[PDB]
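The chain below stands alone and is given in structure tokens; this is the form deposited in one PDB entry.
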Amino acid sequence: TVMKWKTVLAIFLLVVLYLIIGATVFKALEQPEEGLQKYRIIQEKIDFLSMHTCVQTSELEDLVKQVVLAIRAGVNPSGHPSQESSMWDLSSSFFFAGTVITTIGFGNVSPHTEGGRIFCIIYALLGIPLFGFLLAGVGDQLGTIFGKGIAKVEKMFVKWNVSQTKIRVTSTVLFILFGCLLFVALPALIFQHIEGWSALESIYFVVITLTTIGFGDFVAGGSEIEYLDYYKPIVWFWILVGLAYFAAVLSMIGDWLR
């Protein structure tokens, strides 16, 4: 039941127009913010040069170029590093490898050396099918468990016989809402307590992570706030559970369609 050649062209045309609409609206939303940021940085640099007689713009440019190059490495220059705080923590390495197999790819931490890149390529290629098999198995198992639970929920007592599929739709909408409430809506509050993030920033981080976009501007562990009680393993297990459960819901929806 493969799609018609002309049909595929219609979906492709729709995707292309979709992307054109998106590009125009991000352009119009987002150019003023970086216009003001460019103005702010150029005015700040001019004030710094004007106020400091001793400093030379060539030396300042060389120092800023070195600092931005350092940012690529991932080490923050603003704070003095103790050097018992290590970016590649066993916990951090576990979280990074988990994101690599999970295909999130935040990007705040990444391999830099030649072997690091080669091992990252090999590790991703070998790991991704394994995680895919795990997710498919957990999704199918959870789907069966959910369907038997659905049978238990449909007691058939005081149903009020309004419609045959009325309670099927009501149960599906209430389970999906409950799952979203616990998986996406509730962790956001934990994130607000732990890191003081805004509501939009936290909900955006959770959607980006569970949708496996992984922009990396917002990451679970950053800026030395001394997280406590095994923050990296619990958040990675959280990501696995959320991705699996929604993979199950999507698979069930597809089964219903078929």
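Rigid core (definition): largest C-alpha set, two forms, superposition within 1.5 Å. Positions refer to the first chain, counted from 1. First, how it differs from the form deposited in another entry.
- For the residues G116, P129, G147, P81, superposed on the rigid core between the two forms, a C-alpha shift of 2 angstroms or more shows up only at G147.
- Once both forms are overlaid on the rigid core, the distance between the two CA positions of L243 between the two forms is under 2 angstroms.
- A displacement of less than 2 angstroms separates the C-alpha positions of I71 between the two forms, with the rigid core held in common.
- A movement of the C-alpha atom of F178 falling short of 2 angstroms is seen between the two forms when the two forms are aligned on their rigid core.
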The other form holds:
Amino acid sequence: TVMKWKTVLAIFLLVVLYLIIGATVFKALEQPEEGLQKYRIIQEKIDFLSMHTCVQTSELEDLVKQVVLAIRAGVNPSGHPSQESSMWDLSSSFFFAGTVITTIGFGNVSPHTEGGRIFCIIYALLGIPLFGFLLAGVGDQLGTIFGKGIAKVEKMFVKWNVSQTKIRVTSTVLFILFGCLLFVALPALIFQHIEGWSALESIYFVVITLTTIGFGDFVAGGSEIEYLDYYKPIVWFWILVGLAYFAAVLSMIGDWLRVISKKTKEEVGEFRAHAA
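Moving from the form deposited in one PDB entry to the form deposited in another entry:
Just the single chain follows, nothing else.
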């Protein structure tokens, strides 16, 4: 408790170095794709203006602006969207309120109005503590159930005499393998089958959603197709349990980082001490 001011500066420098490395890698990987996309869109527009004589550049840019505002407003520009197929229905509003309290915030659906934004601010402010409580309760229940399960597994295991060492390592590898299998390996398959995504896109969606980053480029609910009535409830249940499992996994990764930090500190101190 009460981390010293010297440790905070070192952690800050480590974080800034991590950001510099991530920025370099992202910049190196992502510039060519954006260059090709820019040439593709410019060539598409010049092709359209070449093919159609009547159109002129000012009107075409005005139409492109209208389309961009249409996407900003949340309405689909392409096709004739039916009035009955409202995107703000109770199932979608339920999904939106769940993302707000969860703090995933995909962003495909946004308020866009003064009253929606005010109610979003008050609703989020009240909502986050309540979900934090629910998540802590679900995490504790999951932890006790898994702990009793591996307690009886270990108890049965005592028939074949085994060293006390590596029993925790094996229990942890079993936890990681079962958790990834049940949370990332299977929902990725269901999402891929019901939506046409690729395996990497499905894994990326599961990781971004459960980690609560929620970029919004890949959203399970939002597509120009019709799903089953119970698809969204099942997705929310997978999200609720996955959030607990990922929070636990992140805590374990943090614990590993601390040990590596303590080990590095003692090793550096020992090398300093003999070095003289």
